[PDB]
Every structure is written in structure tokens, then in C-alpha cells.
Amino acid sequence: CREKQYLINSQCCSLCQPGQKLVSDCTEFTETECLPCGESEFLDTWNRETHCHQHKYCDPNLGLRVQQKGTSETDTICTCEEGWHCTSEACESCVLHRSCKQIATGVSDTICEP
Amino acid sequence: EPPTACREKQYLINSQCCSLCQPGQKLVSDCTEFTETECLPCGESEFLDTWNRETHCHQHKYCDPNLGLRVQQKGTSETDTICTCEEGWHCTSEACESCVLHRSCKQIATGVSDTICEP
Amino acid sequence: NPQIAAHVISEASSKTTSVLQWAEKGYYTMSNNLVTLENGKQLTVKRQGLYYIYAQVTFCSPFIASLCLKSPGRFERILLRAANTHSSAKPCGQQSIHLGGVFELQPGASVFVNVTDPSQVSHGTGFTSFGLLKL
Amino acid sequence: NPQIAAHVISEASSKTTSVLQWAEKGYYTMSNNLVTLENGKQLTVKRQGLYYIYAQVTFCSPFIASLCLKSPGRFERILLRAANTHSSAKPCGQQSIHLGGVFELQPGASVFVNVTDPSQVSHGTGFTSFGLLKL
Amino acid sequence: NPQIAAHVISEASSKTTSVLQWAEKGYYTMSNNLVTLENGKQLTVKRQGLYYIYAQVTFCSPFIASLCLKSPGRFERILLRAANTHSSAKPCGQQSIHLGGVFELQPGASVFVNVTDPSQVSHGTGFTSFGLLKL
Ligand SMILES: *[C@@H]1O[C@H](CO)[C@@H](O)[C@H](O)[C@H]1NC(C)=O
Ligand SMILES: *[C@@H]1O[C@H](CO)[C@@H](O)[C@H](O)[C@H]1NC(C)=O
Ligand SMILES: *[C@@H]1O[C@H](CO)[C@@H](O)[C@H](O)[C@H]1NC(C)=O
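The listed protein sequences correspond, in order, to chains A, B, C, D and E. Those letters in the first sequence? Residues 26 to 125, 132 to 145, by the UniProt record's numbering. Those letters in the second sequence? Residues 21 to 125, 132 to 145, by the UniProt record's numbering. Those letters in the third sequence? Residues 119 to 179, 188 to 261, by the UniProt record's numbering. Those letters in the fourth sequence? Residues 119 to 179, 188 to 261, by the UniProt record's numbering. Those letters in the fifth sequence? Residues 119 to 179, 188 to 261, by the UniProt record's numbering.
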């Protein structure tokens, strides 16, 4: 059919608000019903999903840190630990600030000199 | 005594001798008294080098470059592929499953062999 | 539902135990009230049978994920144990371990994963799970 | 046959792409028209249910085999992911990774293995497979 | 019982057998006379079907656990093969390997695990097992 609603066997049920997984489809007597995402899960989009997504993990073993928690409609945001930096565009893993010129930053690396 | 056995390229099944499938074809259904054994040609990448009665063909050997091998000779639907080391590499075994790298230092190697030496 | 099966997601832990924590979040599965997640530390089946249990543990460094089983009226034991050797890498290097086998479980029996260094198990989405299904 | 199951063999990709290629060759298994190999890149089940999906990836040389899932009408996600390291042996030094879990698949849903270094996955007979089976 | 399933325990191999030894001891499972442990070296199913076979081999010290299959009237082959890099550890470093897939087995067919270094496979409780189950 149209936005904020999807189609099934022949009837169109509406999606679920960004923050609620899908439970059951709609019929000829009752419509699509949805319960909210856990207190560690989320769904950032008018979905029709049956399982929410789990909040991203800022595994400390990799040198990350919870930069910003995640609501029931936004995933968590990670960043390196002070003294660490990302190992590529996407901050997958962090490394300890190499020491011995210009210092380093959350994503920046340091540069030595005499 | 009576001829108590099937032929060379056959196989007894259901008190009935059937024909084996020829190298290159995998068996699909056993054979009845009247209707012979129905087989079918091995897919691509696959093969069967023998009058078989197998239901799945074998997949052509892989000459994984990560190990330092190369496709010496493709494989038909009745012959497996043949691998060999890369120029400058040699086998670590007589069967040649993984390749190394001609050691320098006086018989020149051939990948399928090695480079002997002395001062 | 008729089929008894369950797949749970690993979760960090505030306590210190070597017994891994599992939460019914993410793309989890819990077929019905015949398999529960007791105290969030183990799975407990209700109907006696022959199940296939499994669990994957990913840690970032002699690391050993054991699947000790606790049945009613019997001292817990050992269904499986998978070892792994600590290899070097930039921060810590990741490694996964997979366990799985067919076992006879009697009612009220619980299973759980128990690692040697719970402070290394990486909890990133989809790295560490735990589950079972009834044949 | 009434049972929906499938086991496919890896095949040396040509597009040298992140997603692995699978061919219905060798000792493969495709129970019926209820599980197909769409585009030779993924398995797609027709009847909704609870399946057990698995896949083993052997490579050699932070190698990560993921099992991203794509359902109709939902952004594809992550069922499982297994990590591993590079053990400098002589030429490359192989390593195997195994994934397996119980997941709820709706009709038209497809599953696929997506690795970080597709140019390392070894395709030697029986090294890398992919499959599922419906509980 | 109606279900055909089996899980065997590895055993201290007499000596000189590239093919692993398994014993019906410990927390084993042998559903019925439809799966036997022929010669303590292999499992042999009686009713043709689609089974899910698996095996985990733990060793310490490029070690390869192969799951060669032998069916009646056919040369034995290769279902799966999992490779593992020797870990340079102090004494040796324990490592586990897991195999599992869905395969079509005809009556009288046998499955078995064959490793490259049988003198390394560790037999400690729950380290090395082998089993199958019929879908
Ligand atoms: C199992 O748990 C007990 C108590 O938490 C602990 O002593 C033991 O180390 C754990 N097993 C291992 C080492 O995997
Ligand atoms: C493969 O999947 C992973 C995570 O699911 C992702 O990082 C990568 O971009 C994917 N590769 C592509 C673009 O197919
Ligand atoms: C496994 O057993 C076979 C005979 O069944 C033996 O020839 C082989 O060397 C062993 N390991 C393999 C498959 O290399």
C-alpha cells in the first residue's frame, strides 16, 4: 500500500512505530499489534520486524567506550578510550597511543620527531 | 555350476544385475528387469573417473592459490583436475598438497622437486 | 508451539563468575514455556528428551569454554569443553569457539556455558550465543 | 521429501566479493523446492518456521565470517559472526570457522555468509560449506 | 524410541590409527539399534535418510580433522574437513575443531573422523566427541 504500513496476503497492515517490534499481523477484525523493544534492544525505523536489534557493544577489550547509550529507537554509539584511536573509517577497534611532533585524537594518531 | 554372477561393468541389486554408470555419469535410479539403470552426466566442477553407482559426483580438486598452487590441467567430467606449484615454488610432499618456495644456496628444482646443493 | 528450541544472546555481566550470562534480547528464540532462561545464567528444559545443545563463545585475548550440565539429583558435570590457545594481535585478537552435541536431558535439567576468562568473551552482536533444540 | 534441508558447497567466487559463493555440486543436499540457492549466493526458504542454520568457513594467511540474514521487508541483519586470527605459518596456514544456530525464518527469507577476506577462503573439497534444516 | 541419534566419546586409541577411536562410555547416546558403533571406529546408520552429522576434535601441539564417509558399494569419500593451525604454545596449546553438516546417508553407510596427528587429539572428558542425528 503506502508508507507507514505494509502488505500481506491481501490486506494492508500498518508498520510499527520506531521502537516496537512486530507481534501479529492484521486481519478482518483486528489490526497489526506491537510491543516495545527491550531495555537493551531498539528499532530505529517504521519496521515490521519480529525481533528488535540489540544495542551495539563497546567491547572494552577492543579499547572502546559507551559514548552515548541507545534508546528504544536509536542504537548505542561507541568511541575509543582516551589515549586510543580507530583502526579505520569505522571505529571497529582502537589501539594505544604510540609514544616515543603532533599528538593524536579519538581517531587521530600521533607523530613523533627529534 | 551355473553362471552365478553379473558381468564386468555391472552390479547386482534386487536379485537383478544392472549396468554401472560410465565414468562421467552419476547414478540416478536402480534398474528393473526390463528397464536398464538410468544415470546422468556429472555437473561442471564435478566428475567421476570410474564405472560407478554413486549418487553424487566428486568435485574437481582445488588448486588454492593461497597455498601456492595452480591449475595445471582442468578436469573433464571423467578426470579430476591436476594441480602443481607456482613457478618458484615446490611441493612440501610427494603427493603435492601444499607448495613452498625453491630454497636458494645444485640440481635445479621443478616445483614437483627441489634444488639440491653444496659449496 | 509444539517444538522446543531456544537460542539466547550473550550479555556482559556485573558479577565476576566464569559462568556466562545470557539475555533474551536481539534475534533470540525461546519456543515456549518448556525451555526457560533460569536466572539468566542457564537454560532449563521441562520435558525429558533427547536435545541437541550448542553454544559459541568468542573471546579476545589456555581459554576453555565448558558446557557443564546440571540435572536434578545429580552433581553437575561436563557435556563438552572446547579449548583455544591465546594468540597475539593488535589489541587482543578475536577467536570463536563452537560447541554442540546430542544429549539426553531429564525434566528440570539445566545447561550452561562456563569459561575460564569471562572477562574476555566479546559480546558484540552475534559473536556469542547459546541454545538447544529438542529432537 | 517432507523435510526441508539444504547443504551447499563453497565455490571459488569470480566477482571476488564479500559474500561467499555456493554451488550445488559435490556431496550437496537440497531437500526440495522449499529451499533454493538464489543467485548462487544465498539460501532461501519458502515455508516460514524455525530452522537450524550453519556454515563453516576455512581460510588462511581479524578474519570474520558473518551470517547476515535478509528477510522480505526488513533491512538485512546479523544472525551470527565468528572471528579469528592469522597464524603466519609458511605460505598461509589454514583455519576453520563454524557457525550454527536456531533462527525464526519467515517465507522468502534468505541467509548468507559474508566474510572479510573472500580471497582467502579455501575451497578445497569439504573445507567450506553452508546449510540449514527446518526444525 | 523412534528417533535415530548418536553421540559417542573419544577414547585413548590403542595405538596406530589415523582414524579416531570412539567408545560408548561417559555421557554418550545411542538412540537404538538403528545406529551402531561398528568396530569402535565408526557410526553406521541402518535406515537411509537425511542425517545431521558432527564431530569435535581437540588436539594440542596444519592439523586436519576430516570426516571421510563410507557407503556400501562406493569408495569412501570426504563429507567435511576442518583445518587448524599449530599453536606455538609453551608445552603445545590445546585447540578444538568442530565439523557439522546435513548429508544423505543410505543404509549400511558409515561415517568416521580421520585426523592427521592422532597422537595429539586430547581425550580429556568432553574434549573430543562424535555424533549424528536423523532429520
Ligand atoms: C566453572 O565455574 C566455577 C565456579 O564459577 C569455576 O571455579 C570454574 O573455573 C568454571 N569452569 C571453567 C574454568 O571453565
Ligand atoms: C558483509 O557483512 C558485514 C557485516 O554484516 C559488513 O561489514 C560488510 O560491509 C558486508 N559486505 C558487503 C558490502 O557485502
Ligand atoms: C583416513 O583413512 C584413510 C583410509 O580410510 C587413509 O588412507 C587416510 O590417509 C586417512 N586420512 C586421510 C583421509 O588422509
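Please keep in mind that the hints were generated in silico from the structure rather than gathered at the bench. C-beta atoms are modelled at their ideal positions from N, C-alpha and C, and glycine is treated no differently. Just so you know, not all the hints are guaranteed correct.
[What the hints assert, rightly or not] Estimated spans, in silico, between C-beta atoms of each pair:
(1) B:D50 x E:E202: 19 to 27 Å
(2) A:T75 x C:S214: 21 to 29 Å
(3) B:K29 x E:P198: 30 to 38 Å
(4) A:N34 x C:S214: 22 to 30 Å
[Said to hold, decoys possible] Here are the computed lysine-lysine pairs in the DSS-like style, where the Cα-Cα straight-line distance is at most 27 Å:
(5) D:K196 x A:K29
(6) A:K81 x C:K216
(7) E:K196 x E:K133
(8) D:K164 x D:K196
(9) C:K196 x C:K159
(10) C:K159 x A:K81
(11) B:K29 x E:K133
(12) D:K143 x B:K29
(13) E:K143 x C:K164
(14) A:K29 x C:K143
(15) E:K133 x B:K81
[What the hints assert, rightly or not] To spell it out: a stretch of chain E is covered by chain D in this simulated footprint if at least three of its residues, at any positions, have a beta carbon under 8 Å from a beta carbon of chain D; those stretches are:
(16) 140-148
(17) 196-205
(18) 209-216
(19) 228-240
| field | Hints violated by the structure (numbers, ascending) | value | 2, 3, 4, 11, 15 and 16
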